[PDB]
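Visitor: Here are the chains, one letter per residue:
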Amino acid sequence: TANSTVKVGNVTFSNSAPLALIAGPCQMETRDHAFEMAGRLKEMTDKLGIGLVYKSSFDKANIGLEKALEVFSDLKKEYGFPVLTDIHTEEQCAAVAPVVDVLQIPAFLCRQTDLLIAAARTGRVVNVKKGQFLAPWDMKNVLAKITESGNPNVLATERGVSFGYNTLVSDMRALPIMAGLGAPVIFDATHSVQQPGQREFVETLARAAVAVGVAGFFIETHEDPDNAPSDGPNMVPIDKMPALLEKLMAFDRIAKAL
Amino acid sequence: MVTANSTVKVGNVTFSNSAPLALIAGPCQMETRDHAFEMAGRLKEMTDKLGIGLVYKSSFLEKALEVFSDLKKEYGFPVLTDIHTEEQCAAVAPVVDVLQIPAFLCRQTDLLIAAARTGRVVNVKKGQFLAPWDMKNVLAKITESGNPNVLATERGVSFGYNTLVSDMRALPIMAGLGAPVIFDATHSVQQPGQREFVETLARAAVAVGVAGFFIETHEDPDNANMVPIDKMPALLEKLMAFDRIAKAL
Amino acid sequence: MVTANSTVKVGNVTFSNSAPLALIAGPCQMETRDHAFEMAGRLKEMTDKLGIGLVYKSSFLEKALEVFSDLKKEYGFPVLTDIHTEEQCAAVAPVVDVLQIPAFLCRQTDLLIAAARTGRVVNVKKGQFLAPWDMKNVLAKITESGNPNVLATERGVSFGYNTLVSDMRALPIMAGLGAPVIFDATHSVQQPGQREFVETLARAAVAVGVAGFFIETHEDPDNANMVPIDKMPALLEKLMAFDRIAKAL
Amino acid sequence: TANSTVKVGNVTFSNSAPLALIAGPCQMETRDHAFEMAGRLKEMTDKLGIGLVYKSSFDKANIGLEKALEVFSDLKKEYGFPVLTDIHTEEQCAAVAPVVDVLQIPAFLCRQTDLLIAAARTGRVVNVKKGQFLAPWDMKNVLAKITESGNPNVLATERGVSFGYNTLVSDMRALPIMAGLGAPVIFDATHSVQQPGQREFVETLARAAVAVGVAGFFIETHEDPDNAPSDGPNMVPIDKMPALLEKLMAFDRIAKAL
Numbered sequence: 003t004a005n006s007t008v009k010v011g012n013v014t015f016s017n018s019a020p021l022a023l024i025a026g027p028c029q030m031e032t033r034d035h036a037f038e039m040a041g042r043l044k045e046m047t048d049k050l051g052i053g054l055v056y057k058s059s060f061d062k063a064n074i075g076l077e078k079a080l081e082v083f084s085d086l087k088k089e090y091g092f093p094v095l096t097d098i099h100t101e102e103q104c105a106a107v108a109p110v111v112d113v114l115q116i117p118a119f120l121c122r123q124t125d126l127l128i129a130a131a132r133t134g135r136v137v138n139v140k141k142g143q144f145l146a147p148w149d150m151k152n153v154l155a156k157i158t159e160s161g162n163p164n165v166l167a168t169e170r171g172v173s174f175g176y177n178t179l180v181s182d183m184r185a186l187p188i189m190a191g192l193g194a195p196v197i198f199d200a201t202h203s204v205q206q207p208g217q218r219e220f221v222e223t224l225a226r227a228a229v230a231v232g233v234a235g236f237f238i239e240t241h242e243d244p245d246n247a248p249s250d251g252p253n254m255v256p257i258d259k260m261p262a263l264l265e266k267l268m269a270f271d272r273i274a275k276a277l
Numbered sequence: 001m002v003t004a005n006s007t008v009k010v011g012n013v014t015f016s017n018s019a020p021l022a023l024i025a026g027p028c029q030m031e032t033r034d035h036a037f038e039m040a041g042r043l044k045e046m047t048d049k050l051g052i053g054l055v056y057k058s059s060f076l077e078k079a080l081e082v083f084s085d086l087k088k089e090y091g092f093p094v095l096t097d098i099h100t101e102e103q104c105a106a107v108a109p110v111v112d113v114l115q116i117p118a119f120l121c122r123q124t125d126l127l128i129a130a131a132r133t134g135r136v137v138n139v140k141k142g143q144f145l146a147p148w149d150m151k152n153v154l155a156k157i158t159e160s161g162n163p164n165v166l167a168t169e170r171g172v173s174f175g176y177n178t179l180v181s182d183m184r185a186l187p188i189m190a191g192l193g194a195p196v197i198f199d200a201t202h203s204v205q206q207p208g217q218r219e220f221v222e223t224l225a226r227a228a229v230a231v232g233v234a235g236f237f238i239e240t241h242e243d244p245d246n247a253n254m255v256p257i258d259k260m261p262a263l264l265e266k267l268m269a270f271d272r273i274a275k276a277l
Numbered sequence: 001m002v003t004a005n006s007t008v009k010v011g012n013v014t015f016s017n018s019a020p021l022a023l024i025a026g027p028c029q030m031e032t033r034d035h036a037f038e039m040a041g042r043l044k045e046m047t048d049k050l051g052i053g054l055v056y057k058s059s060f076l077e078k079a080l081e082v083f084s085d086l087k088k089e090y091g092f093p094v095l096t097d098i099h100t101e102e103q104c105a106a107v108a109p110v111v112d113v114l115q116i117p118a119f120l121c122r123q124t125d126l127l128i129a130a131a132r133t134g135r136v137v138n139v140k141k142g143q144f145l146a147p148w149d150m151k152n153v154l155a156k157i158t159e160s161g162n163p164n165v166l167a168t169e170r171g172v173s174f175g176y177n178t179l180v181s182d183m184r185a186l187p188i189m190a191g192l193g194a195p196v197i198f199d200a201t202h203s204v205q206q207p208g217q218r219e220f221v222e223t224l225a226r227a228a229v230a231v232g233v234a235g236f237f238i239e240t241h242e243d244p245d246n247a253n254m255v256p257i258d259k260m261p262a263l264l265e266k267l268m269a270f271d272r273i274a275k276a277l
Numbered sequence: 003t004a005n006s007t008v009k010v011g012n013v014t015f016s017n018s019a020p021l022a023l024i025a026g027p028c029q030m031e032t033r034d035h036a037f038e039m040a041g042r043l044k045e046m047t048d049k050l051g052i053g054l055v056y057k058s059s060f061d062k063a064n074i075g076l077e078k079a080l081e082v083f084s085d086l087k088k089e090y091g092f093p094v095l096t097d098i099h100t101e102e103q104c105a106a107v108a109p110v111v112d113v114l115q116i117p118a119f120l121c122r123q124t125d126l127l128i129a130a131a132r133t134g135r136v137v138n139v140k141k142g143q144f145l146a147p148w149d150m151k152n153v154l155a156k157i158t159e160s161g162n163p164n165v166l167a168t169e170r171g172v173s174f175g176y177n178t179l180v181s182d183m184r185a186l187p188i189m190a191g192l193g194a195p196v197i198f199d200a201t202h203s204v205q206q207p208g217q218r219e220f221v222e223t224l225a226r227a228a229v230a231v232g233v234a235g236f237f238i239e240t241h242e243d244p245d246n247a248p249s250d251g252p253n254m255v256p257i258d259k260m261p262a263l264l265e266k267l268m269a270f271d272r273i274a275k276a277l
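Protein chains in written order, with UniProt numbering: chain A, 3 to 64, 74 to 208, 217 to 277; chain B, 1 to 60, 76 to 208, 217 to 247, 253 to 277; chain C, 1 to 60, 76 to 208, 217 to 247, 253 to 277; chain D, 3 to 64, 74 to 208, 217 to 277.
If you're looking for bench data, these hints aren't it; they were derived computationally from the structure. Think of the CB as a built atom: it goes at the ideal place given N, C-alpha and C, for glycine as much as any other residue. Hints are all accurate, no fakes.
Computed list of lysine to any residue pairs in SDA-like fashion (alpha-carbon distance at most 20 Å, straight line): (1) C:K44 to C:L263; (2) C:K266 to D:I273; (3) D:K266 to C:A276; (4) B:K266 to A:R184; (5) D:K275 to C:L263; (6) D:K151 to B:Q206; (7) C:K259 to D:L277; (8) A:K266 to B:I273; (9) D:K266 to C:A19; (10) B:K275 to A:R272.
Listed next, the stretches of chain C that the computed footprint assigns to chain A, with coverage defined by at least 3 CB atoms under 8 Å from CB atoms of chain A: (11) 117–126; (12) 144–153; (13) 172–178.
Take the sequences, apply the hints, and build the full model.
Guide: Here it is as structure tokens:
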């Protein structure tokens, strides 16, 4: 019993609506860097008519919460977008909820029922990253922990499944399956390509997903991914983002008429 | 020496990962002569309206080759059928434009060589036990035999038990081998040992970029897996809209 | 610098891929104090007769640590429990001999470091998303933190959907990393999202060669997955017979 | 409705009986080479009390039938063992059946119903290699094509399943599952380790399988596997075979009492 349209600040997520973007660097760095990344993402999405949710993690985990919340607060004041971050404990959900619009359950924690309930109880939008060890239908039971806990605003993010050793595959059937559960479906293009333990296939997977039909994309991006503090091999260079997004929007226009 | 053609011309059809999508379509098995002309006429009608190339396919031999020959006289399209032995390649080659290597036989060198030596276009279905880069050495058996006209068909890869998965990365990787890549929508959804997901996989594949689509279709697929023929015009129209974008990028 | 110990001594138990098998066993969750002493007594009885080391395990904290402490006073064995946060490591360490990292947390560096810094033995369950060689970098987070006493537990790897598979090659590969390898028979048969195959997988693992077996067990597993406790003596006797051969070769 | 004991010449296959060995080089080479391999295999199995079925292929396929049948006939005359070879067409089953005791259906052909029926109709023992794309329970339907065709003497050979790309895994649960179908189960140690498109793990997998319980082993072997005409990376050096087999028999003695 999820909301099929999830509205967060100025952003609408729905399998029927134009694509929305969750984007940002993996890890929050300096305040300088945060404002540069968020400014560039806001400009390119403003021009395209794409809603933006700005993302960054503060726990490292495989800047710290206090500092990060200050930066997130100032970003929101300057740019007006909702923000997202990942949470790892019940105490972290309560601590970030005053500022952060969308709480994210990491893939490794997607089965941790008490964390799903704690996120749910904040009344924030909850994005659940589907674990690479889950099947698409398994998400019914995961998302239910949130919706049956009284929070109807859930997003389900596809991020690939384990395929042998050191390989993920993206089963495009996950998208209609999860959409059938009633929550907006988000496609994580950057983690879906990774070699557990690849950037050349981000566009490939993104094009496939948008044509199938998704509410949104989750794309990690950075100005110099090879030199980034975390997750660097996977992130799209920020200067390549406008071209990617323009392409995705062309397909989305067709996909969302059918 | 000899290398795969990135553009493969078959009769009045052009396959290339840079050209508009062409269609390989038909029933699994040839039934009757009348059934063949019906399916083919319906397929040609829809492909004529959309402006897409059609290769008509069926699996069978004497009677079948006469049916194929007559279909070609009447409709002017090329045809495709599966071959299983060296002897079969030789028998069907005077009539059939595309010889198809089934996925279970994609590593059978002697068959690959026989089909190559006929001079026909050879379509190899990628085994569900192969990785996309494994098609390099498969395609090389045809091209090193002197035949540059090869098509590589994606049809899914084994994913745990009784499950296939469509890794869309297979498409650019195989395209990189230098042959047109064909997406088999109807076998890629199979539950080994699902028709609902055929549109899903097809939309994904076309947005990634393919030379063509391979779809098994029938007027009554429950009494024949297959896309009902009455679902083809809507599906194809959607796939052509995505293709136009995919091929311009 | 610091490297994993190929022999890990825990209280009166020795773990090594060259030593006789030792047993890590107990219920999933600690129930009551009386239930704990019962399970433990039954396990110690059977391990005493067979001459095998026993580490008693349970998941929970204040009451639980008092139970563990009393079990140790009475039975003299080491104990193991799962930890989920840094704070938890610190709280359980004064009592619990082996800190266990659950499979879902095996990549959580901060937790790995916290458990390492306690000076206790750390057992890391291999994530079902990891390859066996991926345990190199996991184990290194504990050893580079100054703790050489690590156990590596095999518990299956994802195999398509809702299925795990036990790749017996994981065992020598992980042994090659230099830590004793533990086989989790009860989680390796899991259907994510099967008790019949626990003996099958255990027999295979022991013939390959493992430092130990991890088995969840209960007196009434339907009202608690788990091996019924009354099935343990027969299973263990079989596994010891294979172990003797495996360890001499 | 398979025979739970399959007797072929001097060899007994049963999940209850001491292990039997199917062994030989992948491809038949010279007559010299055939007699050397078969002699060495007969000597080492004679000493251990292990029944031997000598194997070689004549079709190449990813010496030729006429020559191979002559060699097989002379081997049988000299050594007295049953022999095995793989068949690929209905005509090949009829052509080799006069001489060959055990017809083998290759993994890639295990779903080809007409070939299963043709092998069955020869009245020879049929060994079916389980395809790497099959599940253990799928073998019920495969083996049924033989037994329902009137031939109750079938062997089911485990040879690994596809695990991501260029990797096989050996699911040891396949062994009790297939045994539950009633046919003797054979473990192919050499193909189960291979990298599709490894010898150091032949003993690992073999030890696992024998402890679980199997009727037999299928082991490809050659005097100089690195220089062999086919399948060389996978085959056990013939001089390592006695030590391997001695180890397997030690475990088998325990496994077959339980």
